[PDB]
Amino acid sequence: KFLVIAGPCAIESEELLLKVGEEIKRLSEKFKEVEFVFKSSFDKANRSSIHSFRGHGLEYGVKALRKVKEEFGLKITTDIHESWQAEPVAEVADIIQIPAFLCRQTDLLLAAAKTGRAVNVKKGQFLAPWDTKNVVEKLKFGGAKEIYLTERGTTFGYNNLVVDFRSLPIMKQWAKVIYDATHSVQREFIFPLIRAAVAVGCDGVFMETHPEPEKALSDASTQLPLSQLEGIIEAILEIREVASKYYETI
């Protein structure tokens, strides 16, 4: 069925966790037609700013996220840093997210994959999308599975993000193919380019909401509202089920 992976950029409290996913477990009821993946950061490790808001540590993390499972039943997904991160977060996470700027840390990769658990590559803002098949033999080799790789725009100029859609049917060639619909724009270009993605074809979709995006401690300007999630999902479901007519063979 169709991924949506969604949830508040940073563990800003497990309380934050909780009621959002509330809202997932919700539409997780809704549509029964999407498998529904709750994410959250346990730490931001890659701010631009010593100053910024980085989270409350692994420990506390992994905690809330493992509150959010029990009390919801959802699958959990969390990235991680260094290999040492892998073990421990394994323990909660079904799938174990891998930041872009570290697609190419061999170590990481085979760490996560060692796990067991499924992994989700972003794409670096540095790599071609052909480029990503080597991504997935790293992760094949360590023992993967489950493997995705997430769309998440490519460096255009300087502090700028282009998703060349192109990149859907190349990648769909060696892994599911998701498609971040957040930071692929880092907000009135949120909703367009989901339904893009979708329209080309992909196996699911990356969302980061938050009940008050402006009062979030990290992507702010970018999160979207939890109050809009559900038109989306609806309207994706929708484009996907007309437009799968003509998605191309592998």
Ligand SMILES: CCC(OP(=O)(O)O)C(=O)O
The other form holds:
There are 4 protein chains.
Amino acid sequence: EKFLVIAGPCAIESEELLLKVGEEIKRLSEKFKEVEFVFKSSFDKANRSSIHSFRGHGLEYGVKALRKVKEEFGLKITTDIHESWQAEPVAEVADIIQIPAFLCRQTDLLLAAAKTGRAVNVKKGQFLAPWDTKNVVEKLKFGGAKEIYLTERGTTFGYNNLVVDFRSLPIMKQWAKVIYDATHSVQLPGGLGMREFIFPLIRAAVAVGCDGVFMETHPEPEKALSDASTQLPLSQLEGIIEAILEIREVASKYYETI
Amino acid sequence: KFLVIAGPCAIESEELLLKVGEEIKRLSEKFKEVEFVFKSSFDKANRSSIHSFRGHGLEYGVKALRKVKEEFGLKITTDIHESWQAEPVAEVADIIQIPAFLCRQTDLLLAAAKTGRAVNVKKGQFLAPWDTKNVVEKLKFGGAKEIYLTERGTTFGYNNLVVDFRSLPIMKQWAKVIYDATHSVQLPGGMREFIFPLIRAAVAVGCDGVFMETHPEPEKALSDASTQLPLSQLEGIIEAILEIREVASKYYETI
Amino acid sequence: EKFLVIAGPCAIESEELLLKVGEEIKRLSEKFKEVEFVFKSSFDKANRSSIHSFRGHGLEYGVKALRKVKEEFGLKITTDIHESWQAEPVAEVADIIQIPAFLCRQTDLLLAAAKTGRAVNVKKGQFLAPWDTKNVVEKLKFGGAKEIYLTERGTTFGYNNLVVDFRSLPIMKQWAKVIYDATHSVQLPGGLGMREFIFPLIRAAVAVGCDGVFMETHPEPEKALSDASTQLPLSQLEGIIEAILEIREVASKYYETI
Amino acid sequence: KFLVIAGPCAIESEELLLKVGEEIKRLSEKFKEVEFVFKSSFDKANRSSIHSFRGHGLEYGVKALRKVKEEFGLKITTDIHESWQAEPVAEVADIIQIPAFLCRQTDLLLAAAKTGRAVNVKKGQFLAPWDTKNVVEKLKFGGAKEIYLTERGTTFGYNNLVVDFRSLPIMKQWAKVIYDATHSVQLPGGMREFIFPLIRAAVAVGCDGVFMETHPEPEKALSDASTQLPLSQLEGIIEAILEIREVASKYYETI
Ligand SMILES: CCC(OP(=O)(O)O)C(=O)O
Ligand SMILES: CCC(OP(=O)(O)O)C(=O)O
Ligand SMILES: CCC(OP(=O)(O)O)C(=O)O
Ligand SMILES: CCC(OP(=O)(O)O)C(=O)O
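Please could you give me the other form, the form deposited with this ligand bound, since above is the form solved without this ligand?
Whole complex next, starting from this chain.
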């Protein structure tokens, strides 16, 4: 099946930033024709740890910016919602509506996304066990969602640390397509992440077997207004994608049937 | 004064709230040194299953809670799940409760703070004790002056929560601390036998209040049936923690 | 029942150190007649993280020193063993043979301690679940142990951190007397512990209900050759004991029947 | 060359070792680029129950292992549990294995190092990856020159282990790293369905070898019956990880 690569800057710092990253993602989409690229960027970081951290420029501005990326590059779009009322307006541009990890159990939010007719990707909560995502999928199907994804992004392991239990991939695959979040899984919650572990863990993900990967990427991560310690330098995206496609190919014959 | 937040998990009916409200009113008159706050949720917005009980809506809930306050003169507290709910809930709620999964949702915290009411945030199962400092800062920036942080367990492997009592003294540095005796022993996706033992630990360590879900017939409760405390056992547990607190308070560490 | 207080310097730095601490423990034993005091000190720290850390002066020297404490103060003695051959020689002086947390599953060590006729106290491994101590007790009873204790000393919680799940107290009480280790439960494994949490957690232990407490104490912890960050200053011992006896008394009527 | 440590969990009989040894010898001839090491324990010294199978003793075990080496020319490895066992086990064991629960026992490590043999330490379920540096230092101080560290899972709540693959690159800084594919999925006090998936992850991340318990009829094994790999499936898994390693190795990070 066509492998999914969800990538883009963590936050919509500006429409300019989006177009710059979008241009590169479009270039890669022309090279890796076996991959379905989906451009991602949040119009609002509604759960920052600090009240002083960057959040965004609003839903209106964000949707407009994402619409520009789609119009200029013909790329599919995904962004996350935080409250039920945002589902409808976001659905006007987003091909995939993303549900934040902390909100994976909020029934009304899931239902709001599901009734839009768009695909829905739920980030698995850091508090959730793999088998408990079955009910998350059930809620979505109940709400009308026909294309559902579950994203592995790490599990609470002691304080300010996340561990990736790769057994979650084959478990969740039982009821939905599975995406591996390569950048959030190495973040150290409330720590201030370890970028040195992004590549090795993404290699593990495709060796185990998943339906796609999620990666935050920015031209200059150190200057990012969010996830500055974990966003992947844009220039490194192509090489990482080539590597995972190669590993996926050689491991694919061994992927177990669900 | 020591706070005791109690009531049925969900507003299954105003009748249920009245029955429980009558008992909490009685204890309220018996333990004058304790500040009682009646609690019940108008909506269980985060149930695991789509087929589980959620409630009768916000309007019916605020109505029933209004009835408890008017008929018994008890303070009220209930939780909100989206920003728009803050204002209407504040009409009756003396303390607005923020769900554990939603303790990092900035707009929900700000919305609650804006009402002028007290705010009690359930510490997320994913949050470290020291990371609650930023939660308090959001509420203060939002205008809140009476702020509570509630210990309700931390993710410990799958489908299990552990109470790290070191959290009580840590969180006390920036807010009043409440110990949730019923959700702390629940097994996500619990054991009532551990409720009393751990609540005794909480007061021995030192906290500003305790939170307990109580129901006349927990077995029939439409929510948290395995952990809600039988109404008839509430008085005994309250007297027990007051006695333990009386002796232990001598040793509570300064701030 | 008579509450147990197991206390003493972590390691047998010298026979002098033992006598100094022993004198204070003897004084307290005369005051707190409702408490059964047991003097503790390790003749060898056989599991230090670093090869460069202090271990001890040998079994022979240690046993001799402990024998001096018992002879001079009439105090019961306890120390830990690391290999089966040490059980017999240690049993000559130790009233209670202690089994290290990492070795709580080593069948031969438990059996070696059990056949001596002495009481045996097993530190619950940081990897062990409360209900899995039932088999530990079974092994001991099988080996002839008639007086058995299980000691709560924390559980692995992420990296370099331990958490005390107080539910373990009533669970383990089902099959053995339970001791709460107040100083090791706050240590941060391979961290370099937080002494500020020793007192609050010990208060929790007696409120929940246990059969005794274990505390490492040293005249000048900062100068200790082991557990310098967690050993309780000797001058603070009396006050801590008074406090837990007071809390135990008021909470005792509520202790659940196993 | 890549290391593959395999064999039945316990020496249930020299006959069993011979049957498994014959297959490992065959694969040894098929995969010349791989260094095979035959493994089996002469004693399961840490069983949960006093009534569980331990083995036939050290003498019978070393005897059977000697038979495997002599009859097949395969390297040998078995674990020790007390210091005195190091010398006699070293008579046949090319690699002395240190149990996970015993990875911090200084005298056991030194005893193993003194024999002059290679030493493979199972990382304790309680140990952080970076804390294995001190384990290596003990062995070096003891005279060991060939040192391995084996990833076998970390305590994750109760009766569960999680494999934090970040450990592979971290431990590689100071020793050769082996991934234990069978114990990493066992549930303390497991699921065979996760063995292959995680071993694929291990080679994709990068390691120096893999450890696998294999038995002709795992269902009848007297130890780790729920996780031992059926002998007939070993060849396929080895070929699979060699292919994945061949492609993935291009991306292994430098030291
Ligand atoms: C909050 C934002 C976010 O992800 P989580 O919900 O998994 O943390 C994101 O991908 O932008
Ligand atoms: C969801 C409801 C709830 O608490 P948590 O947010 O701590 O789970 C409650 O107290 O009703
Ligand atoms: C190793 C020494 C030791 O305890 P643990 O086994 O619980 O760590 C002790 O109390 O001396
Ligand atoms: C006990 C035996 C054992 O391994 P651990 O020490 O990792 O559990 C083994 O590989 O035989």
